[PDB]
Amino acid sequence: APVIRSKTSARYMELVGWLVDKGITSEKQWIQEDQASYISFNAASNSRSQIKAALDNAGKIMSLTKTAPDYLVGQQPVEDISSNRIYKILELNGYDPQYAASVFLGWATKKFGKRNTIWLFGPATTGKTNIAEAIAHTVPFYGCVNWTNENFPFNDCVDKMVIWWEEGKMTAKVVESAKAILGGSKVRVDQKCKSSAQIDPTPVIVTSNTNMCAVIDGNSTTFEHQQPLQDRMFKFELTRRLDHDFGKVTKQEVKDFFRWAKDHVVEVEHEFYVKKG
Amino acid sequence: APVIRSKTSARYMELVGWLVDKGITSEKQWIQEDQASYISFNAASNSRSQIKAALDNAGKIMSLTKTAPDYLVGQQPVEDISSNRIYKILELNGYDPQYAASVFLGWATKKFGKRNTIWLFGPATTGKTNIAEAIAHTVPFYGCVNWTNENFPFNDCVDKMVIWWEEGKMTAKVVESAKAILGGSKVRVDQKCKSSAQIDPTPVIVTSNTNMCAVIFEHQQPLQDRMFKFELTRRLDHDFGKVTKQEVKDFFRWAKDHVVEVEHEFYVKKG
Amino acid sequence: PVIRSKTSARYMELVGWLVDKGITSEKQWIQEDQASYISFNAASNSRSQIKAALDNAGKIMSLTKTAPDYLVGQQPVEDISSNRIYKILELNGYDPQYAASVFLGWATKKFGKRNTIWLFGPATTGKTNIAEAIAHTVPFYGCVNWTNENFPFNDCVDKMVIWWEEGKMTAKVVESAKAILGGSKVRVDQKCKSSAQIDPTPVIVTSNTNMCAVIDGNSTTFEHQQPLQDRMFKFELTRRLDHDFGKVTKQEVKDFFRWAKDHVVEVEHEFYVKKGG
Amino acid sequence: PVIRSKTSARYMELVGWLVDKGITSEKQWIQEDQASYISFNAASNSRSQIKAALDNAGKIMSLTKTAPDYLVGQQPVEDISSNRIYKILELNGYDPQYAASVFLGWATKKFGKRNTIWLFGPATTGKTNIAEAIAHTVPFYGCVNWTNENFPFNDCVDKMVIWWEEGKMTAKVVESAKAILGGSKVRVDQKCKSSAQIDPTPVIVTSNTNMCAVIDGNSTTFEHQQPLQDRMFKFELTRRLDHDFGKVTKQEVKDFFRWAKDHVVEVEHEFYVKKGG
Amino acid sequence: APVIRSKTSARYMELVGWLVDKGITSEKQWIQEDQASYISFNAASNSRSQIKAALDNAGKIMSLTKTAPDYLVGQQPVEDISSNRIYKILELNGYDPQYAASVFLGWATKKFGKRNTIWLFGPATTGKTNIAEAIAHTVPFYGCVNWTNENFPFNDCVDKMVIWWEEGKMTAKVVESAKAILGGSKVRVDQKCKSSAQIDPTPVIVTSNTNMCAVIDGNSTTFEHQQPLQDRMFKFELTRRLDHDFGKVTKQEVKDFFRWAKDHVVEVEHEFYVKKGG
Amino acid sequence: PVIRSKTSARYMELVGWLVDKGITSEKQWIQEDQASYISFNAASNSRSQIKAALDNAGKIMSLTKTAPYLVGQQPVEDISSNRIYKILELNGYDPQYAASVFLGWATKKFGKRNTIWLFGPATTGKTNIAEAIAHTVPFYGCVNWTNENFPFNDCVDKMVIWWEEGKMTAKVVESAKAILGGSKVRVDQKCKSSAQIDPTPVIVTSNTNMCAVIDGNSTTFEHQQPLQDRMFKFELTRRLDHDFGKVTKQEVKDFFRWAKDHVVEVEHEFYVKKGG
Amino acid sequence: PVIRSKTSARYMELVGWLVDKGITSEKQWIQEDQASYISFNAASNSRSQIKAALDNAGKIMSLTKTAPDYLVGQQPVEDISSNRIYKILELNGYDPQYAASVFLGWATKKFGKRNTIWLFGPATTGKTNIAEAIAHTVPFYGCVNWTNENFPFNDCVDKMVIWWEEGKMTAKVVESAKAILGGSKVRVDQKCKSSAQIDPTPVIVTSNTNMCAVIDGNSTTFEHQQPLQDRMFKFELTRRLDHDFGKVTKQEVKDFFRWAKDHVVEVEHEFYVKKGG
DNA sequence: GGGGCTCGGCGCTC
DNA sequence: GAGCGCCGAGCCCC
Ligand SMILES: Nc1ncnc2c1ncn2[C@@H]1O[C@H](COP(=O)(O)OP(=O)(O)OP(O)(O)=S)[C@@H](O)[C@H]1O
Ligand SMILES: Nc1ncnc2c1ncn2[C@@H]1O[C@H](COP(=O)(O)OP(=O)(O)OP(O)(O)=S)[C@@H](O)[C@H]1O
Ligand SMILES: [Mg+2]
Ligand SMILES: [Mg+2]
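Protein chains in written order, with full-length UniProt numbering: chain A, 213 to 489; chain B, 213 to 428, 435 to 489; chain C, 214 to 490; chain D, 214 to 490; chain E, 213 to 490; chain F, 214 to 281, 283 to 490; chain G, 214 to 490.
Hints in this document: simulated from the structure, not taken from any laboratory.
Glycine residues also receive a C-beta, built at the ideal position from the N, C-alpha and C atoms.
Accuracy of the hints is not assured; some may be wrong.
[To be verified] Coverage of chain G stretches by chain C, computed from C-beta distances (three or more under 8 Å per stretch; other residues unrestricted): (1) 219–232; (2) 244–257; (3) 330–341.
[Claimed, not checked] Pairs of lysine-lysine, DSS-like flavour, derived with a Cα cap of 30 Å: (4) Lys240(G) <-> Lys404(C); (5) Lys278(D) <-> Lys264(D); (6) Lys323(D) <-> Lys240(A); (7) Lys240(D) <-> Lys322(E); (8) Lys240(A) <-> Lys406(D); (9) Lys406(B) <-> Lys385(G); (10) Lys240(E) <-> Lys219(F); (11) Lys467(A) <-> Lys398(D); (12) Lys372(D) <-> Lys460(A); (13) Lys474(C) <-> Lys300(G); (14) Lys467(D) <-> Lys300(D); (15) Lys322(A) <-> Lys219(A); (16) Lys326(F) <-> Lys406(F); (17) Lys460(C) <-> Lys272(B); (18) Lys219(G) <-> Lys398(C); (19) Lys278(G) <-> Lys234(G); (20) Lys272(G) <-> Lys234(G); (21) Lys467(F) <-> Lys487(F); (22) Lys240(F) <-> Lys234(G); (23) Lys460(C) <-> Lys404(A); (24) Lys272(F) <-> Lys240(E); (25) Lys381(E) <-> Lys264(E); (26) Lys219(F) <-> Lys322(F); (27) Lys240(E) <-> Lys323(E).
Make a model of the complete structure from these sequences and hints.
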């Protein structure tokens, strides 16, 4: 393994070591942590691209040493779980907190195999986007499926940890790729103006107001892809309209909820409609 | 053949040797095998392009010694088969194990000619992507026909050993091009932001839940004459595990020692 | 004017070596001497020099020989009844002497406006076998890009034989095609090049769907029938070859074309090749 | 990971200066010191440094600075009578040392839910003179486009102060305004952009009308008066200003705060302000 | 603040100062003022971008952050102003040369408050086109009120050191906005394909052969806004016709005129019609 | 602000050269000197230098030079050998009278009579005279009267304008009376903002009466006198020989050079007095 | 002004060489010398000098050299019995010397309005073998592209010879067609370019029908035949050539158009070329 | 759905 | 290395 030993090489190695230690995975965090370093590294033209390269290398080295559970699950219990917004929404909706929390934990770790996405389906103003945002932002680098663009939808989901599909239906053009990335199957997807890369199994969380198991194409809907999708989804149907002035789901709430999940884990039947009784 | 002799050329010849001798083909594998090596080569633009050049050259060098049959057949015997998972998948549906195994083995060596594509077709949760992914990852290089991007579909199938068309449907924009790769025909395909390149014959696995020998029917006969068809129809359980990267080798290697003549046909005969 | 420097000496040695060995693509270059390719890829001027060397060597070989030099053979044929092209053309009916004369004429650019041979027939009859044998008997051969629309006839520039594998005559490229398939000069697009030009070269189409009927969206306009038929001969193959029949090796192509030059006979300018003997 | 060099030192000094002056775009730089702008904008190595420096100044100021930093002046003030707003306070009775103390607590967010200001009085009463000066002072300032019902608070994101000129309250934005007017974190919809969170930003309002009255079509309701009376102060500037008093210069703003920080007095948490008897 | 000091920096500073001073907003004027400098700076690839950057900076620095009189009052004093055509144009129409010139200076300096306009009125070929052009072209940046375009009549009136309302015909749709501008009051105007911009107090000059006090609204004419309008403009009615060989006025002459004004100012009033020397 | 250096000095020399010899496109450069162009195109540095030199020279000659290049530098001892002289002499026009008028037309000396209308049948030297003189000055325009929308599109910043086979039309009569009147007038340009045309002497070769405004199937002479107050008409009736040849750029310069040395008074008449 | 160094001298030598041997594309460069071309691709400087050299040589030729300057070869001609054009002409009824003289006049622009020569006759008569021989014997040439009705002559600008290979004449460009065929300047519209003037250039036409036919929508009118026949010296190929007749080499064309000048004969301006000595 | 529209990341050339 | 520039792949509007 040749190891370049120039001055630029030494500076770059030190920078990426510091970045991987301090968990910095974006400029914003850098400028929040050490202002002098960033201002200095923007003071030329060699280092301007070196910044982007360093951030990408830090992202790669973190993604290959820490998976989703490392960040999500917390390190201390809560000792009183009712203020958690997540628990209150999943309780008032009807599901019991134990089984609902076991399913979430078994979805961060991929213990469930093909079922690699949790589908939140509820009328407007129920919590879908809130929980999705919390679980998506609690990780270093998440991914959003650009459902508007139909020729390169999963373009930012290369080398990520948690994918989040915010809205939209399952068009007849993205069903073929969705069945691959939702199913946690290693494939090689198309990259804009570049060659293909590999998408390792990444858990997904889809929030929508309209059904995804019946593909929709313009003025016609299809049902041949209803079993293959329904066998790779959990379907949390959240109905009760969330009261006004309900606190933004704060990262610490997500960490504590998942920690309580790991504390009271209970086995969950491997089915589509998550048991609610 | 002028051999450039300098410092940079020697270092590059040292990097490509290390890459080939360690089976490294992608950056991720480079990081896993050695971290300081990769973190160094992103420093300057020279090395940043040298990384891509070295990976491509290592890929080419590995291919010009080997082929698919040299990776998919293990170096040790089986001594027990009923525990295997490809065997179980093929036995549940009724297919005689060794007949279909001979079909697979011949499909790997290109012994059948124009018919070098296995089409696994069946209802949901039957065991198609399992076998397909096991076979595709047992080999170092594998392509995947792009579903979207109907202008450069077969861009990732230029110098690969085993193609894997996942959840594919035959649209009229790919039929005329899929009539070349699925038949091992030596043709020059279009690449992106690069000059056209040549595709040597390559086996192809197709796993589709919908009929794939009909364009959406004038191309039914020419398409169903370059693919076998294994109609898997038994719903599996969730305890049934993944086809490990080592079970494929055991299956194909148990095949090489019990090969049987396979009747050239579109519908692989049950029983 | 001969630029005499060290780099010019290296380049001249490289091009002379390539022409003496017969390399026309990078893959063969590696396959002959790996050290050469790896070294000439190391540096930053590397890629430019490799691309220029390949293009220049191909140009030299193309100017120093033509299609008949490669296709025709220097040794005679003891008995042609074994060669598979003869059997393909005899099962269907065509008298092999007449068809051999037609093939030899098309190779040597001698029939004027009918500069192409069209093979058409139901599935598994023998089209692609003959086409690929002929195409690979010549060191250089082009192929039309089926899907790409912004650069359709790329890779057909300065080749010896053009091989349209399974093409369909789309309305986008009907004019440029009506000109390339006619032994004339056309203005074609290219990648990162300034509107290069196509020399008049033989073309061998092997589509199993009608090639003289243009398709417009979901419509088929027969307007362009006469312009296309007046510049192509047609071999209507019907018989169904069986497996374990083998592919036409290059030696067979050379032997057949040689057996033509020694037995040539006249042929009328007719779209439908005279079906009999 | 600090780049020590000449260009690095110059860039650090420049961006520190920029964040010190709150300069964001060039035009402001020109107005502050033209010679620096020129001297930088000559060579090709500097014409990119300027853009990068403006971007870095913007980011540093946004992510690590608040309004009271750019408002509170530096040099101590010996006289405040000459202060123009002071006169606009004394002339209209409002005790300067008290009425001035009102803003500072609003500047430093010391009044929590009462994190907004409303200047009251007829036209030609310096309201927009006291707003614009206390609306342009901060580096990034937002203006409430109450006329645009869809996106009234579009420009209030990533700011340090929010301007409301001739503000009129409508029932459609009353719920949105109360969150903004109360200094509470809230998310607003941006045109052609995702919803963004408006962090507590001391807002300023100028309207000769009554901000406690909600206008809904042809009906006006006071149901949100007290809710709107608990979120902001109110100064009635009856005395019209002379035609020669002019505007309020930035210096006349800052010096007032530097004087309003050295003469602090206890302020009340009431809706209205008290006038010096 | 930071200032870079290098060999290139000194030359660039000199160039931008020279540009802001001479009034060289664009290249072509650079050619017309010193061809040697342009033919020189165009030589290499390090100067062929220096030119464009210098022009951008100069246009910006001048158009903003500087006052219009700064290129209407010259430097070298004027001994004999009678030779100046304007002195002849005003003298020809019985306009006391010293009074109007004093009125001219005040209008440029905004000293005449809301009366921020000069309306050269009368038939054609009476100096109205000559003066306006000579004065409008004099300043670095100027615009022409596009009254014909109702949507954005004042699109090109932003950051214009002088506004020339050529053959103006004020309409009912622009009367309100015109009064604020004609009054020199800060007003926001809509720009085509751009956000609304504010027009700081900016002088005007109106040349027309129709009465501006009349509001043209379709087939009806109303003088309702007559009094406010006449409180925002002066009236230098020019009736005498000029000779065919009179010729155009030069910025050299215009400079002299407005320079003579500063040396021959006199007390002035704020009525609507300029008094003619009896 | 003067940048001085070897490159700057050579560039200034080249641009003085180009502005002196009236060069505005590469083709003309190869014609006047192929060796210079071949030499310059060698290095990758000088390509941009050539492009900049050509554009800058064109702009300079546009904005700081006048049309009377028509006057040569060296004196003309003999002018009898000039085709233009022979043409004018052959057409009953006194060489010192029509040359003097010609000169006053180049210098705009006539105020309003800004154009020289060449009249007569084909092959009488009209087109040659216009094509010869017009190709003399660096920049010149062609009146595209066939294009009603933008007939004077190519008449902006032109040292000389040509109206080849012109035909007055009602739509363009007002604009044409403005141009031929040597008066500044703004014209509409295709895909460009309206531009002003400064006074530019004009030369016309036609066989139709320009004083006859054409409007569909009707012809009106209402604009006769105003147009007749804007032209210096010439009637070239004699037919030229086949081997007469074109007028060389050296001849046109020689002709006007003789005129400058033999200036005589001219009368602003709609008909140039022939030599009795 | 003239730059002088070693680089300038080398480029001057190269451009002189190209203009002497009449080169306008790489292929010809390799044909006339190989070590020259291979040398100039080594470095990037040479690979950029090649394009400029070809452009400048092409220009200088199109400006200062005319059609006869290359059609009439530079070396003497001894035997004129063998030349393929000579044999073809003697195989129809034309005196070879007289036909050579008429072609020469068509080259040196001698017959005035009759500035075109027309190759008429049935298929397989060798129209291509002639036109493509002459048209290849001048540095540049163009092909009348009637498929582009907007700019049929867009490829016939600054050409020393023009090839009317195929396509009929449209009514919309009859005047321009007469101008081109009549050796008269004419401004033609160019695609994506300003109108360009086509100087008097000889034209060569290859037709199996009457090109005088003029298409006006659905109407084909011969009213323009007489104006055209006064503008064209026509040749009417009598019968079919032998397919083994060979190809008229460039050297054969040079020999023909050199022996023509050495033995010019008087011509008569009839529409047809006299069929005798 | 078929035309043009600029745009982005890259190469390549200086 | 700067920068420069181009260009194809890609994108959007009518
Ligand atoms: N990552 C995994 N972990 C555990 N089991 C897995 C995993 N991936 C697949 N399986 C098993 O694979 C079995 C069948 O899955 P698949 O092979 O994907 O079926 P399939 O035929 O491909 O379904 P489709 O809809 O046709 S793609 C399931 O019963 C799972 O137990
Ligand atoms: N930043 C925030 N501050 C305060 N409340 C918030 C914030 N973000 C979300 N909420 C609350 O989140 C609750 C539920 O919002 P959502 O989950 O977005 O409802 P939703 O309709 O399921 O989302 P959609 O349909 O995907 S837009 C609302 O009642 C808000 O009060
Ligand atoms: Mg699958
Ligand atoms: Mg085929």
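Holds or violated: are the alpha carbons of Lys240(E) and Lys219(F) at most 30 Å from each other?
It holds: about 25 Å lies between the C-alpha atoms, which stays within 30 Å.
Assess, step by step, whether the Cα of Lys240(F) is no farther than 30 Å from the Cα of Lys234(G), and give holds or violated.
Measuring from Cα to Cα gives roughly 22 Å; hence the hint holds.
Are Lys326(F) and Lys406(F) close enough, with their CA atoms no more than 30 Å apart?
holds, 28 Å
Take a quick look at whether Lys467(A) and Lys398(D) sit within 30 Å of each other, Cα to Cα.
The hint holds at about 22 Å.
Assess, step by step, whether the Cα of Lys272(F) is no farther than 30 Å from the Cα of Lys240(E), and give holds or violated.
holds, 8 Å
Quickly compare the C-alpha distance for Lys322(A) and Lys219(A) to 30 Å and report which way the hint goes.
Roughly 43 Å separates the two Cα atoms, so the pair is violated.
Would you check the hint for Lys467(F) and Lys487(F), treating anything up to 30 Å between C-alpha atoms as holding?
holds, 24 Å
Outcome, coverage hint (the stretch 219–232 of chain G, chain C; C-beta under 8 Å; three residues):
Coverage by chain C holds for the stretch 219–232 of chain G (4 residues, Cβ < 8 Å).
Could you grab the alpha-carbon distance between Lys272(G) and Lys234(G) and see if it respects the 30 Å cut-off?
Holds - the C-alpha atoms of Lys234(G) and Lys272(G) are around 15 Å apart, at most 30 Å.
With the threshold set at 30 Å, check whether the alpha-carbon distance from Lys323(D) to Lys240(A) stays at or below it.
holds, 28 Å
Within 30 Å, alpha carbon to alpha carbon, are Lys406(B) and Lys385(G)?
violated, 43 Å
Are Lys381(E) and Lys264(E) close enough, with their CA atoms no more than 30 Å apart?
violated, 38 Å
The structure does not agree with the numbered hints 9, 15, 18, 23, 25, 26, 27 stated previously, though it agrees with the rest.
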